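Using the sequences and the hints, build the whole thing.
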Amino acid sequence: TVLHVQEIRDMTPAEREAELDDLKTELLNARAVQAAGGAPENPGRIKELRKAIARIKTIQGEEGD
Amino acid sequence: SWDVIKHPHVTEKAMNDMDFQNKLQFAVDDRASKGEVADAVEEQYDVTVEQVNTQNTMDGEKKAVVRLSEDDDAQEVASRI
Amino acid sequence: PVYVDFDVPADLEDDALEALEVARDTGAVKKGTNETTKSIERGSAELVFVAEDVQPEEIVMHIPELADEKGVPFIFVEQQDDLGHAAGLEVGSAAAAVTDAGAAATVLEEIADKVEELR
Amino acid sequence: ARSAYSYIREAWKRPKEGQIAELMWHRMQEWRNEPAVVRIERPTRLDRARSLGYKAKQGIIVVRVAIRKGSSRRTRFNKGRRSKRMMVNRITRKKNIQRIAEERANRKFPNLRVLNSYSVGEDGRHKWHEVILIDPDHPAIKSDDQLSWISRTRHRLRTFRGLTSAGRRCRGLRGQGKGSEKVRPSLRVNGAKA
Amino acid sequence: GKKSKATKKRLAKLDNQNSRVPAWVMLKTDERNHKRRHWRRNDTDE
Amino acid sequence: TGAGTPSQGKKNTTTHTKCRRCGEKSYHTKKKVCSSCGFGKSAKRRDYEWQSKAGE
RNA sequence: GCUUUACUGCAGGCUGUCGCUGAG
RNA sequence: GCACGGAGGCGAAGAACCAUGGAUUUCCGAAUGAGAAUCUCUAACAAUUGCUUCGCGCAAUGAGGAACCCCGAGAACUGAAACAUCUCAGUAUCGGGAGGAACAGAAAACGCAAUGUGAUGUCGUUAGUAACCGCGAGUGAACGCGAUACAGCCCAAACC
Ligand SMILES: [Cl-]
Ligand SMILES: [Cl-]
Ligand SMILES: [K+]
Ligand SMILES: [Mg+2]
Ligand SMILES: [Mg+2]
Ligand SMILES: [Mg+2]
Ligand SMILES: [Mg+2]
Ligand SMILES: [Mg+2]
Ligand SMILES: [Mg+2]
Ligand SMILES: [Mg+2]
Ligand SMILES: [Mg+2]
Ligand SMILES: [Mg+2]
Ligand code: NA
Ligand code: NA
Ligand code: NA
Ligand code: NA
Ligand code: NA
Ligand code: NA
Ligand code: NA
Ligand code: NA
Ligand code: NA
Ligand code: NA
Ligand code: NA
Ligand code: NA
Numbered sequence: 001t002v003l004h005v006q007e008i009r010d011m012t013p014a015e016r017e018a019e020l021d022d023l024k025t026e027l028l029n030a031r032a033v034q035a036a037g038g039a040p041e042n043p044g045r046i047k048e049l050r051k052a053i054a055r056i057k058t059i060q061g062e063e064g065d
Numbered sequence: 001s002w003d004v005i006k007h008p009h010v011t012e013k014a015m016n017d018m019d020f021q022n023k024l025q026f027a028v029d030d031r032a033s034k035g036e037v038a039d040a041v042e043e044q045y046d047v048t049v050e051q052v053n054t055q056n057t058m059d060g061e062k063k064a065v066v067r068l069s070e071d072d073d074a075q076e077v078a079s080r081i
Numbered sequence: 001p002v003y004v005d006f007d008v009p010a011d012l013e014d015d016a017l018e019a020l021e022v023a024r025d026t027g028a029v030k031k032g033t034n035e036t037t038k039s040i041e042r043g044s045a046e047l048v049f050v051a052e053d054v055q056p057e058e059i060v061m062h063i064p065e066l067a068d069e070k071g072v073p074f075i076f077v078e079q080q081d082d083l084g085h086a087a088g089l090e091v092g093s094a095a096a097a098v099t100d101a102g103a104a105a106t107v108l109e110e111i112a113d114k115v116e117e118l119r
Numbered sequence: 001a002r003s004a005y006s007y008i009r010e011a012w013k014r015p016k017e018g019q020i021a022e023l024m025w026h027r028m029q030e031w032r033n034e035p036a037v038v039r040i041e042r043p044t045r046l047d048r049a050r051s052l053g054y055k056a057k058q059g060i061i062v063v064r065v066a067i068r069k070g071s072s073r074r075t076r077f078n079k080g081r082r083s084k085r086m087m088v089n090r091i092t093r094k095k096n097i098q099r100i101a102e103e104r105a106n107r108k109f110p111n112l113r114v115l116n117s118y119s120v121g122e123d124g125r126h127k128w129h130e131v132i133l134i135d136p137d138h139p140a141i142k143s144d145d146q147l148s149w150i151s152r153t154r155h156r157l158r159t160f161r162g163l164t165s166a167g168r169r170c171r172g173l174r175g176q177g178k179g180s181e182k183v184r185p186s187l188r189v190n191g192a193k194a
Numbered sequence: 001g002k003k004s005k006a007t008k009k010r011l012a013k014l015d016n017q018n019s020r021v022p023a024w025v026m027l028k029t030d031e035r036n037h038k039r040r041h042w043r044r045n046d047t048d049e
Numbered sequence: 001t002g003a004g005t006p007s008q009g010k011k012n013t014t015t016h017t018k019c020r021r022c023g024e025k026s027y028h029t030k031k032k033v034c035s036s037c038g039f040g041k042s043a044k045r046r047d048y049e050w051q052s053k054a055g056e
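Protein chains in written order, with the entry's author numbering: chain W, 1 to 65; chain T, 1 to 81; chain H, 1 to 119; chain N, 1 to 194; chain 3, 1 to 31, 35 to 49; chain 2, 1 to 56.
Hints are supplied without guarantee of correctness; some may be wrong.
[Stated by the list, open to error] Only pairs whose alpha carbons sit at most 25 Å apart, straight line, appear in this in silico PhoX-like list of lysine-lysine:
1) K18 (chain 2) with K3 (chain 3)
2) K108 (chain N) with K44 (chain 2)
3) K31 (chain H) with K114 (chain H)
4) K5 (chain 3) with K6 (chain T)
5) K13 (chain 3) with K18 (chain 2)
6) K31 (chain 2) with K5 (chain 3)
7) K25 (chain 2) with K5 (chain 3)
[Said to hold, decoys possible] Beyond 10 Å from chain T on every Cβ pair, some chain 3 residues (computed):
8) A23
9) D30
10) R39
Rather than coming from a laboratory, the hints here were simulated on the basis of the structure. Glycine included, C-beta positions come from ideal geometry on N, C-alpha and C.
In structure tokens form, the structure reads like this:
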């Protein structure tokens with residue numbers, strides 16, 4: 001959602017990796033908040049974070065990095 | 001590719017170790033060695049890992065008790081997540 | 001071995017091979033057991049060479065007696081690849097037949113004599 | 001005129017006569033010391049091989065195989081049997097020794113396929129046959145208009161399905177007329193009666 | 001007895017399959036765990 | 001000693017276990033052979049025609 | 001299931017012969 | 001998703017959903033570096049082969065599949081109102097292997113004997129005929145004919 005395919009392709013191989021490690025971190029922190037029974041959740045995102053990560057990895061493959 | 005750290009293992013006991021022994025507890029991938037746990041943890045929170053104790057849990061996952069150096073403060077590293 | 005009834009001295013073999021080489025250049029030679037066999041049969045053969053390191057021996061066993069009942073002379077060579085090289089081949093050869101020598105009909109004719117004498 | 005080959009053939013008509021008789025007496029000694037399946041660089045009976053399909057070409061292999069002589073090596077019954085089936089000594093296998101030899105060779109060369117085979121004699125207890133096998137994957141063979149047919153997928157493991165030379169004869173498929181009622185098109189299709 | 005890492009993973013799973021169908025699933029399906040296994044009355048594999 | 005109930009007491013030996021190949025608790029850990037799929041004995045999978053009625 | 005000088009066969013043992021197998 | 005809750009989210013940046021193609025595709029598994037009840041130990045076509053730059057460099061095999069198919073191994077209950085040959089039956093079952101179909105196949109054929117037919121399967125028939133058989137019980141074709149579909153070729157050798 002907040003991150004579309006065009007925008008991912010408009011990134012440089014280095015921006016995808018930077019964007020990748022960024023999403024992974026948001027995710028890890030979402031899971032930490034979740035692990036702590038934290039309610040300030042928004043389920044639609046922890047799910048989107050996974051998909052966003054998949055898209056970036058998909059593109060990195062298509063582009064050759 | 002699998003990641004080393006899965007998420008913070010936050011429970012009463014985990015707190016006592018954090019407040020009283022400067023240790024952080026994590027749920028890690030069971031293919032990960034103490035060494036890999038030590039490194040990963042440092043690179044993710046910018047701290048100095050002094051010791052790591054592991055345990056293969058009856059939940060099917062691995063649990064690591066990571067002790068930080070007197071220079072780092074568990075209570076604080078954990079409070080930002 | 002089973003088809004070999006006499007031993008040819010190293011030196012004699014050399015003269016023979018030498019003759020064979022000049023035979024391919026000056027005269028005519030047949031390379032290969034099949035082609036050699038037909039010479040002996042057609043009588044166009046003057047001197048036939050037979051290797052002694054042939055396996056299976058079947059491929060050459062007939063040469064001797066066939067040659068005998070056809071008057072054609074024959075000499076033995078130890079190495080199969082030497083006869084092939086001497087015949088001008090990049091590969092070896094189990095048997096060769098000098099079909100009408102060349103600038104060697106002399107040396108040749110004499111090699112036949114030396115052998116007949118070698119019994 | 002007679003081909004040189006014709007002489008190898010002539011010799012093998014009577015393997016216990018003349019020169020070949022002495023060669024055999026010689027060879028077997030070394031054979032008896034060899035293994036069950038031995039790849040050999042050249043066919044002992046060149047005329048035969050070539051006649052069967054052999055060519056001095058890449059991907060063409062020849063191998064001598066030893067098989068024991070005699071009837072079936074059979075175990076006596078361990079339960080009830082009517083007299084007719086209590087037999088042991090006189091029972092013989094329905095597959096001839098040359099076919100067994102072809103199968104043993106083929107198993108030694110999993111990638112190759114049997115093309116044909118012929119006999120090279122026997123002593124008091126062995127029987128030797130030379131099997132010609134082919135590499136269906138080697139170009140040179142794939143490109144040979146006389147052997148490429150064996151490259152087809154339909155020919156995978158010919159010997160094991162009796163599509164071989166001796167295979168078809170052993171199956172009673174020689175005759176096209178009288179006698180082949182229970183034979184052609186296949187034994188099994190005929191309820192196994194030939 | 002001494003269990004291996006794999007054995008432990010399996011016992012872990014079996015214990016997990018041993019939970020009850022969550023309350024919300026009842027409401028979501030407008031209305035039983037047939038794989039309920041007691042440690043005493045039942046026997047696991049291996 | 002009765003061959004029944006009293007002889008059932010010594011049964012604390014482990015033999016058949018979850019097989020690595022087929023998943024059945026049929027891997028005989030003493031023999032290292034699966035009685036269900038043939039693992040340890042055969043590369044091919046264990047199967048017989050008598051596992052079903054002759055014409056089926 | 002068992003027995004035996006029941007009927008009929010089948011392993012096994014002994015023995016002649018042929019092949020392996022040749023010289024005087 | 002089945003799955004009708006709660007919360008939250010995605011979709012006109014055209015989502016859901018469908019078709020095709022692509023990406024990802026943990027461990028065990030023919031399982032192949034070695035070992036192991038799905039894990040572990042210190043670069044791997046293990047093993048067997050073909051080719052070979054003789055180096056795993058280039059390749060092959062392995063295992064699966066509802067049955068069908070081909071090649072081997074091969075019972076007994078039963079029937080004969082007992083039973084031995086016979087029968088059940090080349091069945092059940094076992095070993096090996098192929099394909100999308102297998103197998104067979106262009107006559108050392110047939111032999112309505114002919115001045116005739118003309119590769120091979122299969123279907124119908126020939127026929128429960130010929131033939132077998134304690135000539136008991138039982139067993140049991142083929143040529144031909146009518147159809148289906150049709151297709152005929154390559155080596156070895158001679159001579160080079
Ligand atoms: Cl084959
Ligand atoms: Cl007719
Ligand atoms: K019977
Ligand atoms: Mg420990
Ligand atoms: Mg058929
Ligand atoms: Mg619990
Ligand atoms: Mg008892
Ligand atoms: Mg392994
Ligand atoms: Mg009866
Ligand atoms: Mg009667
Ligand atoms: Mg019958
Ligand atoms: Mg007829
Ligand atoms: Na967890
Ligand atoms: Na093979
Ligand atoms: Na028959
Ligand atoms: Na229990
Ligand atoms: Na009884
Ligand atoms: Na997939
Ligand atoms: Na391979
Ligand atoms: Na190699
Ligand atoms: Na009766
Ligand atoms: Na009775
Ligand atoms: Na009878
Ligand atoms: Na007619």
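Violated constraints from the hint list, given by number and in increasing order | Every hint satisfied by this model.
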